[PDB]
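Shown here is one chain on its own, the form deposited in one PDB entry, set out as structure tokens.
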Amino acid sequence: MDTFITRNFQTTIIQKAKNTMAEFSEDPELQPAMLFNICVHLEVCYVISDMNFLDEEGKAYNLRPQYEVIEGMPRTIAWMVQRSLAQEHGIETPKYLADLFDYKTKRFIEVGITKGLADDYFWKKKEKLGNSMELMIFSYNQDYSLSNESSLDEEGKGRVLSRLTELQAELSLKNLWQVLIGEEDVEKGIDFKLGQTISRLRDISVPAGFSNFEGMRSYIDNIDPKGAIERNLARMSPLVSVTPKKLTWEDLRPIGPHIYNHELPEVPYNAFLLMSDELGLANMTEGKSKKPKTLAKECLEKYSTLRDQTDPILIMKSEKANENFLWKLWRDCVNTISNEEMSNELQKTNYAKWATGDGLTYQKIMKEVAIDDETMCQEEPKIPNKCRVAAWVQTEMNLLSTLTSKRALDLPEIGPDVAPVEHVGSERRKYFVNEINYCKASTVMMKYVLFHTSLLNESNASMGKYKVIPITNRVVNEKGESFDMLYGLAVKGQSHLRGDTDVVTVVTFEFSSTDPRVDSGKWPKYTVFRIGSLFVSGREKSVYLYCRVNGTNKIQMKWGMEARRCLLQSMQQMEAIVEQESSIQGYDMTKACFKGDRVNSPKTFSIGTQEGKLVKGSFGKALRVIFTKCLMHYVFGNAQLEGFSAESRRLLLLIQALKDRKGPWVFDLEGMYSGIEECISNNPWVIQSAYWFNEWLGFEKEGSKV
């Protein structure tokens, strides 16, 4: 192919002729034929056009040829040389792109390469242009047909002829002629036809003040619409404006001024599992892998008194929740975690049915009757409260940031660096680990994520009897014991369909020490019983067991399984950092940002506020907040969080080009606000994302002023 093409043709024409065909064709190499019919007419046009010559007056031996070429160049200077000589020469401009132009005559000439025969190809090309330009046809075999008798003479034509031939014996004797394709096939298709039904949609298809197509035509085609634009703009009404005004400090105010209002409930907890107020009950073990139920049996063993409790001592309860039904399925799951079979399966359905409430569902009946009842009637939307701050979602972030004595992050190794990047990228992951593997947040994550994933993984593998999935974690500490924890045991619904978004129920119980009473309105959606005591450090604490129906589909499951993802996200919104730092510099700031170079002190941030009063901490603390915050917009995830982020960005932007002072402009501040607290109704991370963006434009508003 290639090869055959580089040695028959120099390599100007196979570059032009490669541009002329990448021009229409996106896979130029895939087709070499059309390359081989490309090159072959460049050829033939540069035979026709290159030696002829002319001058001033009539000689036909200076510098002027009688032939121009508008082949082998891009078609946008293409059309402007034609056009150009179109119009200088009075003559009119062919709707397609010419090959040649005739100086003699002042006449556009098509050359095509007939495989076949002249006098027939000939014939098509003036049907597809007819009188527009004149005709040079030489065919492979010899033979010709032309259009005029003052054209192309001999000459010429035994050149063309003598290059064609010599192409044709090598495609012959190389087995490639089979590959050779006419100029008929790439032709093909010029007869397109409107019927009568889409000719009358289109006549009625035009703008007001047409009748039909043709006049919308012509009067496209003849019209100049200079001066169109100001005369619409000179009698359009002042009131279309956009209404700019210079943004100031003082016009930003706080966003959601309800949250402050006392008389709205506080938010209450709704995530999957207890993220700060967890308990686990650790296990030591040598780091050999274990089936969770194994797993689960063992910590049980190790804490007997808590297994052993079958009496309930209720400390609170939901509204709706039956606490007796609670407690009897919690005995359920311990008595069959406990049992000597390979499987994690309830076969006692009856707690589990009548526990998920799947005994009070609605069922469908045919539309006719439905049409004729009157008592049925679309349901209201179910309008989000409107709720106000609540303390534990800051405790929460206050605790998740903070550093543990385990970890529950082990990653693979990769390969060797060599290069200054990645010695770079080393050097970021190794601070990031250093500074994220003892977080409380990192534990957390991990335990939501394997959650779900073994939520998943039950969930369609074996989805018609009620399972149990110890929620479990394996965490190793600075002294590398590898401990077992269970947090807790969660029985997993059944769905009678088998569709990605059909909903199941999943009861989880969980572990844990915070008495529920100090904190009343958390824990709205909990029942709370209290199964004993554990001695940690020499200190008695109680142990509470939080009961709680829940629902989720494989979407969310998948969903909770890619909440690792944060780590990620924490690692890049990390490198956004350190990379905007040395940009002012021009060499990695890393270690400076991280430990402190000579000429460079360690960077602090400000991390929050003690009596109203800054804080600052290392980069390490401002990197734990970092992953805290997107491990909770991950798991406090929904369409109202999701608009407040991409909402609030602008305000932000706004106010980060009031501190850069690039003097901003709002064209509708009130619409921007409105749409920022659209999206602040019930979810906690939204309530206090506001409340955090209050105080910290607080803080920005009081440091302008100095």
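The term rigid core refers to the most C-alpha atoms you can superpose between the two forms while keeping them within 1.5 Å. Positions refer to the first chain, counted from 1. What changes on going to the form deposited in another entry:
- Comparing C-alpha positions between these two forms after a rigid core fit, one residue in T604, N350, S211, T294 moves 2 angstroms or more. It is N350.
- After superposition on the rigid core, displacement of the C-alpha of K613 between these two forms stays below 2 Å.
- In the core-superposed comparison between these two forms, the C-alpha atom of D515 has shifted by less than 2 angstroms.
- Fitting the two forms on the rigid core leaves the C-alpha of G359 displaced by at least 2 angstroms between these two forms.
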The other form holds:
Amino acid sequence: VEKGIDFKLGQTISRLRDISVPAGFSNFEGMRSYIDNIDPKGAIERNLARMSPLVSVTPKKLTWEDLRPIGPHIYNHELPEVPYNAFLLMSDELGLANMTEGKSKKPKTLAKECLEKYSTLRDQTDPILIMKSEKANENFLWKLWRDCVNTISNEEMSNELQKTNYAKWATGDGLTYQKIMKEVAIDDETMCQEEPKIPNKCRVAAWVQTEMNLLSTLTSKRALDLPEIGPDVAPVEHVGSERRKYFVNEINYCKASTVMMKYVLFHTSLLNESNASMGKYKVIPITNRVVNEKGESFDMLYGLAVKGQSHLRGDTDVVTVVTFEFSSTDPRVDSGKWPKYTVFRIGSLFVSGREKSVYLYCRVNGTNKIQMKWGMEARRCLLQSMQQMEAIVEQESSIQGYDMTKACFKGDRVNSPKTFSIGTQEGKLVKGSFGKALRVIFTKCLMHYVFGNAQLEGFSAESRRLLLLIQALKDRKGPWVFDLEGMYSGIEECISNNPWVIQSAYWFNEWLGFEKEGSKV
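Having looked at the form deposited in one PDB entry, could you now put up the form deposited in another entry?
Single chain only below; no partners, no other molecules.
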């Protein structure tokens, strides 16, 4: 017999094939004979001729006048100032510094050695309440500070915390709802479905600008020291080693790298404690190790933290972290920044001969395993910076025929230091250097880590098309648009209460004003 394959359909699949034809046919064989036999030529023109003229793109030519500012409700002075909702303090932190020889040690031990040196802040027992949150309990929060500062300073190895009434209040014990069978839920009339709580609508606060100002500058200490690689042999390794040794030499002493390492070490120890001890409340200190320009290692203690009951089965179950952090910033200077915090005044320090007041910011806070797991990997904030740096170098290498890293950084008799536009003092422009631009890029990556949720994702993805349209207007490519109100309304539903998204909208408006003003010249 002939050696042909067999695939013969049943009855049910033939009926499902018979009822799967477009409109105008009866069975499958009529449709198959229609496609095989008849000729379709010339039908697209008739179908376009009988279609309505209201189906179109309606294209409009883009001008510099059709670009209104995005998000006009952030200048509205009846909305509240957007609060500070990051996990840890960034530009307001105060590390109690204790000089060591550089040996690593347990966190509990580090805090105990840092508090015995600064023994006037540890022995403070009578508080001075400066600021209180709306729903906080200042007596319970002060008793939790005393319980942490006594449990970190005893003469054992454990940092377990007893479940007292204030630790049960602060860690939120006994607040989940009990599940019931679905028959009792259906038969009961007072069991509705909860309306969702949408995020708020806040206006621009001035503290994000000072966060961007202060985390770009150079400090005196450095907490970043990446490990080694091999020697350099091939010339690609020479070019890469030159760009590395200039980028790291510019990024090392900035405040942002100190804040990045503080976040890395804290989320590491928090994840370790949440997986190791699910049932206990454990004291977790906020610490770091830092080094000045002579090689002297310091241990910085930034605060203490209480971890709740971490029985986190799914990846989005929340554990409660209560944070007590030292600072020197007066919380009554900028009152609209701290409604989430309870501040006490716990003492004084000598920075160089003068007294600085020392405040304690206390806050109930929370996190899930995905944010703690992505917290240990905040050193990716270097990579996205460094990669971006090379995209600014190689475009300069679209001009000449050698590695222009030294030319962009120092130059020679041919080149010059490429001044960048860095910011706006008093209204006029201000030009910085390449290292200052690298630190602004690194702080932008870091604040994408710190202040990043779905609002930042949606806002970035919907304003990138607007940035490409403005690039098209700068080049005089002459862009045409089809529905600009849709692009703008897709942008402006992402600006609710993220501080970085509101400040990005403000900065976008300022830069678009500069670009319009420089178009007329």
